[PDB]
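Colleague: All chains, please: the whole structure from these sequences, using the hints.
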Amino acid sequence: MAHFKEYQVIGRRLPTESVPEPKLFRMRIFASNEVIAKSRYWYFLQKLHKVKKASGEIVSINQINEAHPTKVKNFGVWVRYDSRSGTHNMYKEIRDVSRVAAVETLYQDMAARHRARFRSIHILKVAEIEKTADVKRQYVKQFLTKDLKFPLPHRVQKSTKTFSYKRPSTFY
Amino acid sequence: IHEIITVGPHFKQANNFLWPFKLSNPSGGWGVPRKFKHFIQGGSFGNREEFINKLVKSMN
Amino acid sequence: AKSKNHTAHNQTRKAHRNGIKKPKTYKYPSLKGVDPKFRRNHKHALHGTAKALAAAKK
Amino acid sequence: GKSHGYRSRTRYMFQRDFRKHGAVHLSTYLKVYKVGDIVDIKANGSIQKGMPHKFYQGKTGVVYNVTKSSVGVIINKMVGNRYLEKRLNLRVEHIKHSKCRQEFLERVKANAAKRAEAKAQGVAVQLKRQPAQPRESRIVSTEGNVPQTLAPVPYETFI
Amino acid sequence: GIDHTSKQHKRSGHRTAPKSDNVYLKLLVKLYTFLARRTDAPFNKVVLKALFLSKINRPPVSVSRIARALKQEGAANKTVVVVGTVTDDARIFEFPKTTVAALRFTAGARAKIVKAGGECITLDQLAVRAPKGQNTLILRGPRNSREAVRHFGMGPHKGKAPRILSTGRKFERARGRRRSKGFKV
Amino acid sequence: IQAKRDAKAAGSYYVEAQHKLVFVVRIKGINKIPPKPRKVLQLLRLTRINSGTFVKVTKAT
RNA sequence: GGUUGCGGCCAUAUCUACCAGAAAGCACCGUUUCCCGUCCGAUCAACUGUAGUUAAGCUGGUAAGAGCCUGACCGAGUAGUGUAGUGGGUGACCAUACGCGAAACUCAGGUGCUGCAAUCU
RNA sequence: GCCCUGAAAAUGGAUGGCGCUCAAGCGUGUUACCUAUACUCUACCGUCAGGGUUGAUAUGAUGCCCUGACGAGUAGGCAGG
RNA sequence: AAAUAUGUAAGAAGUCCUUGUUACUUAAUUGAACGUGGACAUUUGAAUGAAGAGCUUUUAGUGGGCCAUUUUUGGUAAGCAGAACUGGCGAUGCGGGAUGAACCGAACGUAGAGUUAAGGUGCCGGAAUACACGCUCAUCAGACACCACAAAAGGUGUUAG
RNA sequence: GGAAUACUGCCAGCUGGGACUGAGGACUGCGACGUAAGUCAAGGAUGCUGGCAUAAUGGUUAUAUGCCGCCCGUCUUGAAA
RNA sequence: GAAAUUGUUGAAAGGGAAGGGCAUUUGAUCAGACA
Ligand SMILES: [Mg+2]
Ligand SMILES: [Mg+2]
Ligand SMILES: [Mg+2]
Ligand SMILES: [Mg+2]
Ligand SMILES: [Mg+2]
Ligand SMILES: [Mg+2]
Ligand SMILES: [Mg+2]
Ligand SMILES: [Mg+2]
Ligand SMILES: [Mg+2]
Ligand SMILES: [Mg+2]
Ligand SMILES: [Mg+2]
Ligand SMILES: [Mg+2]
Ligand SMILES: [Mg+2]
Ligand SMILES: [Mg+2]
Ligand SMILES: [Mg+2]
Ligand SMILES: [Mg+2]
Ligand SMILES: [Mg+2]
Ligand SMILES: [Mg+2]
Ligand SMILES: [Mg+2]
Ligand SMILES: [Mg+2]
Ligand SMILES: [Mg+2]
Ligand SMILES: [Mg+2]
Ligand SMILES: [Mg+2]
Ligand SMILES: [Mg+2]
Ligand SMILES: [Mg+2]
Ligand SMILES: [Mg+2]
Ligand SMILES: [Mg+2]
Ligand SMILES: [Mg+2]
Ligand SMILES: [Mg+2]
Ligand SMILES: [Mg+2]
Ligand SMILES: [Mg+2]
Ligand SMILES: [Mg+2]
Ligand SMILES: [Mg+2]
Ligand SMILES: [Mg+2]
Ligand SMILES: [Mg+2]
Ligand SMILES: [Mg+2]
Ligand SMILES: [Mg+2]
Ligand SMILES: [Mg+2]
Ligand SMILES: [Mg+2]
Ligand SMILES: [Mg+2]
Ligand SMILES: [Mg+2]
Ligand SMILES: [Mg+2]
Ligand SMILES: [Mg+2]
Ligand SMILES: [Mg+2]
Ligand SMILES: [Mg+2]
Ligand SMILES: [Mg+2]
Ligand SMILES: [Mg+2]
Ligand SMILES: [Mg+2]
Ligand SMILES: [Mg+2]
Ligand SMILES: [Mg+2]
Ligand SMILES: [Mg+2]
Ligand SMILES: [Mg+2]
Ligand SMILES: [Mg+2]
Ligand SMILES: [Mg+2]
Ligand SMILES: [Mg+2]
Ligand SMILES: [Mg+2]
Ligand SMILES: [Mg+2]
Ligand SMILES: [Mg+2]
Ligand SMILES: [Mg+2]
Ligand SMILES: [Mg+2]
Ligand SMILES: [Mg+2]
Ligand SMILES: [Mg+2]
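Top to bottom, those sequences are chains A, B, C, D, E and F. No gaps in the numbering here: position 49 of the first sequence is 49 in the authors' numbering, and each next residue is one more. So the authors' numbering is basically just the index in the second sequence, starting at one, shifted up by 184. So the authors' numbering is basically just the index in the third sequence, starting at one, shifted up by 1. So the authors' numbering is basically just the index in the fourth sequence, starting at one, shifted up by 1. So the authors' numbering is basically just the index in the fifth sequence, starting at one, shifted up by 1. So the authors' numbering is basically just the index in the sixth sequence, starting at one, shifted up by 62.
The hints are simulated quantities; they were obtained by calculation from the structure and are not laboratory data. A few of these clues could be false.
Listed next, the in silico DSS-like pairs over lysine-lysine satisfying Cα-Cα at most 25 Å (straight line) [unchecked claim]: (1) F:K82 / B:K238; (2) D:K55 / C:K33; (3) D:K78 / C:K22; (4) D:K43 / D:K21; (5) A:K53 / F:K121; (6) F:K82 / B:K241; (7) B:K238 / A:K38; (8) B:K206 / E:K8; (9) A:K53 / B:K221; (10) C:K22 / E:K11; (11) A:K5 / A:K38; (12) C:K44 / D:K35; (13) F:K82 / A:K52; (14) B:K221 / A:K38; (15) E:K8 / C:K15; (16) D:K87 / C:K25; (17) D:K60 / F:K98; (18) C:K28 / D:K110; (19) E:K11 / C:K23; (20) E:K159 / D:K87; (21) B:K221 / F:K101; (22) D:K97 / D:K78; (23) E:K8 / C:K22; (24) C:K15 / D:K78; (25) D:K129 / B:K196.
Modeller: Below, the structure is given as structure tokens:
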């Protein structure tokens, strides 16, 4: 939907005469601008309580920045989503260096593997797999082995003139 | 201008006094592949809140 | 040969070309279709308030 | 072939209301109409005399005549690109006064008061109505009310 | 492109000159175009348009319609302006004095007028005697007494006089004109 | 600015008043428009594309 | 407060079952000469207010009562729906965007209000 | 999910054609870039409109001057030539 | 019992005060209607707009229509037949969908500069053989709405659950 | 603990390259800078220099080239048919 | 003594029609203006 941001969003039902100061609910929305993020917020509240935008108010909207943006992390991700023929709950694991980076590539995976567009996906939970061997997925696990090393074989220097006079080489 | 921005007591008269502005197209572009969806859906229409300033400015 | 039967397609475009003219309104409508006993008395009524409003500029 | 009589299509329109059949309550006859009153028109299916044709069902108009057991109502009916003036003879069972003006009358004598009440005071009136204004700033406290975080749910069935 | 809210290039539909081609009229108009530009007086603006008026819109004002307008309370010394022609009315016996200012006075009219010591005045004379139109009484002819309007509005229950040549019974007076011949209008 | 901080100080949230003024741009061409919006685009004086006007905000606008 | 005569709204007034009602009023109740009506003085009409009674009408109160009435972020922001897109899908159909938004359900609370006139421990 | 089977018609033949396979294919994201009789600014034509100006002793008063908006078109109307 | 759609009202032709007229009407100088005299101005009674409003006369062409989304009837269906609202084609070129009455974008005076739409940028052809993450290998692969179709059913090919 | 930076936004901050246009034709207006006299980029281009004074620039025409372009009339929902 | 249509002469173009629009090369041709 773009390059993502994270957002504490906080709204409440409108105060009434018999009910001044109503209850206050938070969501952490994953979206690209604040405008979308408020919209998503209402989207999910109407799918949980008895409010709608008209009858409610947004109280606050604050972007949450990564804790340690320069630390590799192993993420567990949880997602409700819709296929062509019915809806499905899912768990994947993404390994990156921020919740925002992660949620980005999530959506790219859903797109690619299950043809799932942004509308068709609920993030359910995103949280940091702390102690390893709570990492459950091979394609991630693979990167935790100790003293990890690998080549990057058959390399491709991207040319800049239409002709070349050598005959290239993929050594690396 | 003060009368506009502060939505004054004489805002009807004030505002209407101005001929509907005539902007050019934005100079960057719309920043969207397709204009006629909502802002929130990656289109251009509807309320886009403070983000109207970036546009109008591109079109001014 | 059959041919189209009926439609109102386009009919409101036309009505709007030249209006839907609001009803138009007057102070003092007609007494048309108003009870005859009423009108009859009312007449003689008015005649009087007329007559005595003439005696005002005597 | 088609059919198009005076009450055609009026199946539910002239029906009676649930558990509301029978005698018409007597207040319907102790109401009093003068010329110039605005009334609303609803046919009473029991009372078959003096009935409004279905078109004026739901319509509202001005009393222009008063007679023994009925009133004459004028209605502007639009036909073609234009209104004409139809006047109806309606029995008093198919007519009720209109509250469409009560707010106005209410508002006027309401107005005429704070109008004087503030004239005899120190000018400063303001008595046009105004549309709903967007609400003002305000501060919301957290005391006794920390925000309860929510998140979307997973998919279930229960059937 | 523009959602046009209103028809484009509409003419105002009001006359701008006389459709007349008579110099003298053309001249009078010269006067009052000048007079109405430069004198902020309403009377001149009114008179100027009236010159553009065509024959129909200039119905004759009679000398007897004139005398009545002077019988107007407090209006016996004002000078009647008529942007048309004035005609004689044999039906009034004791026509008054005053001053009539018109385009044309029929012979009988001007006679009757002067016979009681009045005065007949071309409008340009009226102009110099009273630029701002001070103390004028503009009278208008009965536009809708033309025979042609009798027939305008024709249709059923309208009461309006057929466009009909040779009349009498036997001329559209049967079916559709009476409850005993089919029906009535 | 200091309201927003002063409430943050108190743990309370500061919600600024709803905006009162907006600025509108007709972003769509002239044709194939349905009647009721078509009128409103007029009444708001946006009768040609990329033209813009100010709107005071209340329910009735 | 009760009761009666006339009522307005017309079940929060109805329905079922039990119980209770001072005083006044109503009531039931006595009678068949008379006006009056019937197959039948039951109904209807007349007469007494005298010979009898709260049994019933009537009024109230009881019931995890039936019905009915009110309410709620109970269900449900559900169903449905006005707007949008060169959104998804072979189709059937379906998501999304800016709006409007039920009915059943469930739970709680109630079970006549009151106008004019006369009367009454 | 993509792919493969299910999958049969007549002149030779069509993702528009060539051709493309970590695509020049499918899903998705980010920028940039190309160009409509549209939009913005300007000149010019014309149409409609609102102002100004009969003051001689030179040349159009239907004129002269200032200003603003607008311009699709069958059948059909009108106008000026 | 909705949503959409739909009648009326939001003032000077308004709100009050005093008390004439009549053959209607009342037990009644009761009332009904129409008045006379008086009290209150533009925050005079919501919004937005208004290249103004109103009115009159006369006359052309037309009176085969068709298409789209949505509502919808008949029919197994139809590029079939028939209705509802709006938008269109007809009557209209211009840019896009190679092509094409009706789709998308946008409606045309003669022109310069600029910017865009919808649609595109390997080469045909103006414009990144751009960046990025996955998926896919087809001995009849696939490749952009309207649109020029494919289904049940299957696969120990492969991907994620 | 005390910084920096990103990001979003503001400046009636300064400043470079490039492209099209130069309508108007005395004066008049609103300003700006000056202590001042003055001056100005403030109600639409001027200054300086050079070239040809010709087929140089320009029209017309034929052809070549890039892109584009179906037969007109008519009836018709619909014609290049 | 027009046109259709034809002979000659001159110029030019022509890989399954010709003619047209915008634009400029080239050739041919011509105005105006310089002073
Ligand atoms: Mg964090
Ligand atoms: Mg820029
Ligand atoms: Mg650019
Ligand atoms: Mg740039
Ligand atoms: Mg695109
Ligand atoms: Mg700009
Ligand atoms: Mg047919
Ligand atoms: Mg027909
Ligand atoms: Mg039928
Ligand atoms: Mg009953
Ligand atoms: Mg009968
Ligand atoms: Mg005659
Ligand atoms: Mg006559
Ligand atoms: Mg506005
Ligand atoms: Mg007792
Ligand atoms: Mg007997
Ligand atoms: Mg008995
Ligand atoms: Mg009895
Ligand atoms: Mg008992
Ligand atoms: Mg009883
Ligand atoms: Mg119960
Ligand atoms: Mg809907
Ligand atoms: Mg679809
Ligand atoms: Mg559903
Ligand atoms: Mg294929
Ligand atoms: Mg391609
Ligand atoms: Mg791609
Ligand atoms: Mg680039
Ligand atoms: Mg152009
Ligand atoms: Mg034209
Ligand atoms: Mg036009
Ligand atoms: Mg409405
Ligand atoms: Mg309406
Ligand atoms: Mg208003
Ligand atoms: Mg206005
Ligand atoms: Mg105007
Ligand atoms: Mg006609
Ligand atoms: Mg006709
Ligand atoms: Mg006809
Ligand atoms: Mg359409
Ligand atoms: Mg046709
Ligand atoms: Mg078109
Ligand atoms: Mg094209
Ligand atoms: Mg195609
Ligand atoms: Mg569209
Ligand atoms: Mg090619
Ligand atoms: Mg290229
Ligand atoms: Mg599709
Ligand atoms: Mg399958
Ligand atoms: Mg599989
Ligand atoms: Mg110049
Ligand atoms: Mg010049
Ligand atoms: Mg020469
Ligand atoms: Mg030379
Ligand atoms: Mg040649
Ligand atoms: Mg040529
Ligand atoms: Mg071609
Ligand atoms: Mg033909
Ligand atoms: Mg045919
Ligand atoms: Mg043809
Ligand atoms: Mg010869
Ligand atoms: Mg050429």
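Colleague: Next step is simple, just say for each hint if it's right about the structure.
Modeller: Do the hints match the structure? See the list:
A distance of roughly 19 Å separates the Cα atoms of F:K82 and B:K238; the hinted pair therefore holds under the 25 Å criterion. Our distance criterion of 25 Å between C-alpha atoms is met by D:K55 and C:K33, whose separation comes to about 24 Å. About 12 Å separates the Cα atoms of D:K78 and C:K22, which keeps this hinted pair within 25 Å; it holds. Annotation: proposed proximity of D:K43 to D:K21 holds, straight-line Cα distance about 15 Å (limit 25 Å).
Under the criterion of a C-alpha separation no larger than 25 Å, the hint pairing A:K53 with F:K121 is consistent with the structure, at around 15 Å. A hinted pair counts as satisfied when its Cα atoms are at most 25 Å apart, and F:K82 with B:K241 qualifies at roughly 20 Å. About 20 Å separates the Cα atoms of B:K238 and A:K38, which keeps this hinted pair within 25 Å; it holds. With a CA separation close to 22 Å, the supplied pair B:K206 and E:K8 stays within the 25 Å bound.
For the proposed pair A:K53 and B:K221, the alpha carbon gap of about 20 Å is at most 25 Å, so the pair holds. Annotation: proposed proximity of C:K22 to E:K11 holds, straight-line Cα distance about 21 Å (limit 25 Å). Restraint check for A:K5 and A:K38: the C-alpha separation of about 12 Å stays at or below 25 Å, so the hint holds. Our distance criterion of 25 Å between C-alpha atoms is met by C:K44 and D:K35, whose separation comes to about 19 Å.
Taking the CA atoms of F:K82 and A:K52, the gap is about 21 Å. The hint holds against a cut of 25 Å. Between the alpha carbons of B:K221 and A:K38 the distance comes to roughly 18 Å, so the proposed pair stays at or under 25 Å and holds. With a CA separation close to 15 Å, the supplied pair E:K8 and C:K15 stays within the 25 Å bound. For the given pair, D:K87 sits about 14 Å from C:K25 by alpha-carbon distance, which is consistent with the 25 Å threshold.
As the CA atoms of D:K60 and F:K98 are separated by approximately 24 Å, the hinted pair is consistent with the 25 Å bound. At most 25 Å may separate the alpha-carbon atoms for a hinted pair to count; C:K28 and D:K110 meet this at roughly 24 Å. Between the alpha carbons of E:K11 and C:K23 the distance comes to roughly 23 Å, so the proposed pair stays at or under 25 Å and holds. For the hint linking E:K159 to D:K87, the alpha-carbon distance of about 17 Å falls within 25 Å, and the restraint holds.
For the suggested pair B:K221 and F:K101, the alpha carbons sit about 21 Å apart, so the restraint of at most 25 Å is met. With a CA separation close to 19 Å, the supplied pair D:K97 and D:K78 stays within the 25 Å bound. Taking the CA atoms of E:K8 and C:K22, the gap is about 18 Å. The hint holds against a cut of 25 Å. Between the alpha carbons of C:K15 and D:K78 the distance comes to roughly 18 Å, so the proposed pair stays at or under 25 Å and holds.
For the hint linking D:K129 to B:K196, the alpha-carbon distance of about 15 Å falls within 25 Å, and the restraint holds.
Going down the numbered hints, you'll see the structure goes against none, and every one checks out.
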